[PDB]
Amino acid sequence: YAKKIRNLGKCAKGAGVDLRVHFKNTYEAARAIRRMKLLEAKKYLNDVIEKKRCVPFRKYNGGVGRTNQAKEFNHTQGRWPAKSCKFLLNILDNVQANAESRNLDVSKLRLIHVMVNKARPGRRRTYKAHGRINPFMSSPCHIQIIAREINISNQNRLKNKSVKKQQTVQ
Amino acid sequence: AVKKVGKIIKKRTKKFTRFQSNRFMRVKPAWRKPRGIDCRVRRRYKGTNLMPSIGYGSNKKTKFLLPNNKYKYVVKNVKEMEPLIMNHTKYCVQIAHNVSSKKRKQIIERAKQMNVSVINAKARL
Amino acid sequence: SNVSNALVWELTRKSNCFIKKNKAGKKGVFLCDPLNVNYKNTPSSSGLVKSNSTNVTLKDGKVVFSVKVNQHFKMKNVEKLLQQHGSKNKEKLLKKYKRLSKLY
Amino acid sequence: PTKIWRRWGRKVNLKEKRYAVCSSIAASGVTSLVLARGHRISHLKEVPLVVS
Amino acid sequence: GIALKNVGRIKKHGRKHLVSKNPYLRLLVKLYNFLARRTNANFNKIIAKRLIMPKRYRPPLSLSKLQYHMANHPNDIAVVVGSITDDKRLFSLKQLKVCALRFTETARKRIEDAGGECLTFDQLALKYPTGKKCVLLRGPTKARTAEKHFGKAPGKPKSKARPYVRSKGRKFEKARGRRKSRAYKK
RNA sequence: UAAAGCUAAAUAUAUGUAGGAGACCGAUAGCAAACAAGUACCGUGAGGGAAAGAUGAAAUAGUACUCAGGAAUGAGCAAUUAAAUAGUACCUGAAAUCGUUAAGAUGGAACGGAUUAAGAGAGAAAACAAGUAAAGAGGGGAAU
RNA sequence: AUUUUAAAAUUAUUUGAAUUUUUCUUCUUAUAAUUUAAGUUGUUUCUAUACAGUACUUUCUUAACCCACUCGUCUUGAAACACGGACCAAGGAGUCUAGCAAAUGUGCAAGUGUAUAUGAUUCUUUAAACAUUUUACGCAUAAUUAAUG
RNA sequence: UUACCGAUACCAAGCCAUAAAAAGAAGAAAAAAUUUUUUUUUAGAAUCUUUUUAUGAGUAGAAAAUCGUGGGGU
Ligand SMILES: [Mg+2]
Ligand SMILES: [Mg+2]
Ligand SMILES: [Mg+2]
Ligand SMILES: [Mg+2]
Ligand SMILES: [Mg+2]
Ligand SMILES: [Mg+2]
Ligand SMILES: [Mg+2]
Ligand SMILES: [Mg+2]
Ligand SMILES: [Mg+2]
Ligand SMILES: [Mg+2]
Ligand SMILES: [Mg+2]
Ligand SMILES: [Mg+2]
Ligand SMILES: [Mg+2]
Ligand SMILES: [Mg+2]
Ligand SMILES: [Mg+2]
Ligand SMILES: [Mg+2]
Ligand SMILES: [Mg+2]
Ligand SMILES: [Mg+2]
Ligand SMILES: [Mg+2]
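Chains as they are written, first to last, in the numbering used here: chain A, 89 to 258; chain B, 6 to 130; chain C, -19 to 84; chain D, 37 to 88; chain E, 6 to 191.
Fair warning: there could be bad hints in the mix.
Below, computed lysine to any residue pairings styled on SDA-like, alpha-carbon distance capped at 20 Å [claimed, not checked]:
#	chain 1	residue 1	chain 2	residue 2
1	B	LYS20	B	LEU70
2	E	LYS17	E	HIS78
3	E	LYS137	E	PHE155
4	A	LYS98	A	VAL194
5	A	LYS147	A	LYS131
6	C	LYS54	C	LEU73
7	C	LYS82	B	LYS20
8	C	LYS42	B	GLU114
9	C	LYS72	B	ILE14
10	E	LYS165	E	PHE155
11	C	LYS6	B	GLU114
12	C	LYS1	B	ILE124
13	E	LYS153	E	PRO168
14	C	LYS78	B	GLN118
15	C	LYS(-6)	D	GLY74
16	D	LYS53	E	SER25
17	E	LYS138	E	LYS10
18	C	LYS6	B	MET91
19	A	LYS91	A	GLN165
20	B	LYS81	C	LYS78
21	B	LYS95	C	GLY5
22	C	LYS6	B	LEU70
The hints are simulated quantities; they were obtained by calculation from the structure and are not laboratory data.
Taking the hints into account, I'd like the entire structure generated from these sequences.
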């Protein structure tokens, strides 16, 4: 895991190996999540899967629409990536389970590190035009998540100068 | 600019970076002299990278001296230390990067006995 | 008749197997000869070129007084040795010996 | 591409070779030269070193 | 700027340091350079220069030629910065005292027989450091076969330059431009 | 001494098999082929013709067990290892590219040069103090 | 480690002149010192009674003033509305032989080169090295002629 | 009419390189301590050392000295 931690007794990790979801959507979701209390994040994810609150697409925002929900995050564009959220939800659940297994109270857990990397793409073919084969690759991703429990030198001359200054001020 | 410390005059603290090394990763900063018509660096237009030149050279007397005023001598082995028993003010040891910790320690000890400065005593410390 | 000191110097100014020259910090070219006082690579100081020469060394732990025809020995003792077989340089040698003594 | 018909050997004049040999012999003679060449010869008396 | 030739810097056209790595020859040049500088004797300087020169400009001087040169002033010592070769074409050899860089063995033998002396350069220096009673001599320099191809090119009229040709015989460079009968001549 | 004929040796050998060598190549090199290579695959066909080596000393150490999971996987107070960010896509693991965090900048480019400054990092081998004294911990060398 | 001397100059002395009668008048007889000679020396602080600090040196990072056009390329002329270059890594282009020449090195020199091949008490290296029989050939040493010469 | 500002040109000084030129095969200097200890140096590498003076643009091109990679003998 990419973080600096010090005390892993207070942390709960969780990963997804090679998730068959789009990196960009899931990245966006992760961004939306990060620095949330775990339960709140979970709630948010559930809302997005039932299309009630959007995830705002701020970085990878080419063509993404113009939802009414994005006002909540001071933004115009947003989406409700379902599959991505589901995958993320699963990994959140895993994290929660891990925390439980340890002695971490899930109320006090913050997502300190939600990392999404892109994984090696699965290759397929698409057929175009005048007998031209093109790639039709997935962009799967690795997800790492870390929840975490939360609550000179003087000198004589210099000294003299200082004293003088003080006197002057007085 | 010029970087006086005492009698050591350095005319050019800045490294000469390759032209456009800043623009393309593939072009490494190691100075390479631009041949090529229309280069602008070759032609020495105001505001472009400078060309290293023999004018920049350090005075023959202070040339390879470090801020110490001592010529650096790299040392792999105790035997090598011995040439500088008669030159312990003019030369300063650097212990070779590949020397083992025990051997390094030994070398350091020898240097102390000789009164010769070691510029990397702290390696593996 | 075929060999002389100058000739020797010419032969060995470059291709020695006691010369060590610093690649890093380019100024400095030392001769680590058994019979070189100051360790300069000069004909007027090297053990190989000079006929008679009397260096102090470390060899194998214990300090050794060396002479040129070739002899080996082991402060007062050193002085005595110098007096015996000697030909400013003596002073230098003595100084060197002091430094050597310091080592262990 | 490298070819077998590169010139591998060099002819050296017989005389030159002989001269070289002689000079090497001479060198082997001379103590200082031997020392330079790298041998630990400080404890040998005579360097044209001859044995029964 | 400055309107100068070669910008300030003085061209010197010749040799500088001998390119040879011949330790003995280096020693010799050292010596004679020293002598030149101290004993500003001309002679010494000349000797030094000749020692520095390349092999074609130290051509071999034939015993006969040496003898001829010594003819008028005897006893004084001919010095030759190159090789001296022997001459089968000589019959008699006088009592010659010669300094040279090299004596071919037979020449040396001949000299010895003559009851002469073969001196090397160091010996000469020892004897005659200002070159008193010496005579510098050169062998035939432009007598070299390479030099016969130089000058005006064969083709230019009145040139006595040998063409570079595979061989001799009528078949090789003896027709058009070599005889009035085939267009022109030379 | 033609119009009949034979005949060993010295000579040649990029084919095959078997040996042996190298100032040769070192996995985009070297044979096309270090590997189930004239293989897969393409072409009606004559033909064309790849890619692809490395865990560790040992898998007779190849991931037991527990928790969460539909499962993949993940986590561990659990476990082989010297080491698993050596986990079989396994040596090292560069760059392009992308992620996380921080710091900074941000009026239709960006970067750059020369010159300081302001920050933020590193640093004492010139950038102070040789010796002398008191007593600890070491090591040496000699003198008899 | 003797052109950081010599002299010049200056100061304080000493002998003799001079017409610019002069506390800087000049030369010169002698002697000492000095610097105006004979390229910066001192004094006092500070860093500092410090072991790295916020100071000091240095890297990067931002600004700011001024400047700065896409490199490569053919071209009289490229920032070009000329072409090639999305990026990165690795690969990637005057080489090897033959024969000639010049240059330079080296040996020997009216010679030189032991060519094939032989020989050895040569045999991991040795496919090198060594050797040359108890007037070979090359190139040179002579040219010239279409030629007998 | 002055005065001013104003180049990589000019001038003075420094340093680098190039070129040439001089010239070169033996010795105590000082400070600090307290008359003796300690501290630094006590040079002589000819393609090298010391000093001098001038000069320094550059494509095609030429040369020299350097730097680095794979392997060989030492
Ligand atoms: Mg142009
Ligand atoms: Mg010019
Ligand atoms: Mg028949
Ligand atoms: Mg037949
Ligand atoms: Mg291959
Ligand atoms: Mg270990
Ligand atoms: Mg690792
Ligand atoms: Mg390994
Ligand atoms: Mg790996
Ligand atoms: Mg806008
Ligand atoms: Mg501008
Ligand atoms: Mg045109
Ligand atoms: Mg252009
Ligand atoms: Mg066009
Ligand atoms: Mg075109
Ligand atoms: Mg294009
Ligand atoms: Mg391309
Ligand atoms: Mg030649
Ligand atoms: Mg130029």
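Here's how the hints hold up against the structure:
Restraint check for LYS20 (chain B) and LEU70 (chain B): satisfied, since their Cα atoms lie roughly 18 Å apart, inside the 20 Å limit. For the hint pairing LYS17 (chain E) with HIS78 (chain E), the CA-to-CA distance comes to about 36 Å; that exceeds 20 Å, so the pair is violated. Restraint check for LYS137 (chain E) and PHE155 (chain E): the C-alpha separation of about 38 Å exceeds 20 Å, so the hint is violated. A C-alpha spacing of about 11 Å is found between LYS98 (chain A) and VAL194 (chain A), which places the hinted pair at or below 20 Å, so the restraint holds.
For the suggested pair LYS147 (chain A) and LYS131 (chain A), the alpha carbons sit about 23 Å apart, so the restraint of at most 20 Å is broken. A hinted pair counts as satisfied when its Cα atoms are at most 20 Å apart, and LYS54 (chain C) with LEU73 (chain C) qualifies at roughly 14 Å. Annotation: proposed proximity of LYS82 (chain C) to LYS20 (chain B) is violated, straight-line Cα distance about 43 Å (limit 20 Å). Distance hint between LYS42 (chain C) and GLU114 (chain B) is fulfilled; the C-alpha atoms sit about 17 Å from each other, no more than 20 Å.
Restraint check: the Cα-Cα separation between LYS72 (chain C) and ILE14 (chain B) comes to about 33 Å, which exceeds 20 Å; the hinted pair is violated. For the given pair, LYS165 (chain E) sits about 9 Å from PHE155 (chain E) by alpha-carbon distance, which is consistent with the 20 Å threshold. Of the supplied pair hints, the one linking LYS6 (chain C) and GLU114 (chain B) is violated, its CA atoms being roughly 25 Å apart against a limit of 20 Å. With a CA separation close to 18 Å, the supplied pair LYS1 (chain C) and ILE124 (chain B) stays within the 20 Å bound.
Our distance criterion of 20 Å between C-alpha atoms is met by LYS153 (chain E) and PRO168 (chain E), whose separation comes to about 9 Å. Between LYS78 (chain C) and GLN118 (chain B), the direct Cα distance comes to roughly 11 Å. Compliance with the 20 Å bound is thereby established for this hinted pair. For the given pair, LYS(-6) (chain C) sits about 14 Å from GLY74 (chain D) by alpha-carbon distance, which is consistent with the 20 Å threshold. A C-alpha spacing of about 19 Å is found between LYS53 (chain D) and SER25 (chain E), which places the hinted pair at or below 20 Å, so the restraint holds.
Between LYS138 (chain E) and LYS10 (chain E), the direct Cα distance comes to roughly 43 Å. Violation of the 20 Å bound is thereby established for this hinted pair. Only pairs whose Cα atoms come within 20 Å are accepted, and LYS6 (chain C) paired with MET91 (chain B) is accepted, the gap being roughly 19 Å. For a cut-off of 20 Å, the pair hint linking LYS91 (chain A) to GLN165 (chain A) is broken: about 30 Å separates their Cα positions. Taken as a hint, the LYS81 (chain B) and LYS78 (chain C) pair is broken in the structure, with Cα atoms around 24 Å apart against an allowance of 20 Å.
As the CA atoms of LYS95 (chain B) and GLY5 (chain C) are separated by approximately 12 Å, the hinted pair is consistent with the 20 Å bound. The hinted pair formed by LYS6 (chain C) and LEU70 (chain B) meets the criterion: a straight-line CA distance of about 10 Å does not exceed 20 Å.
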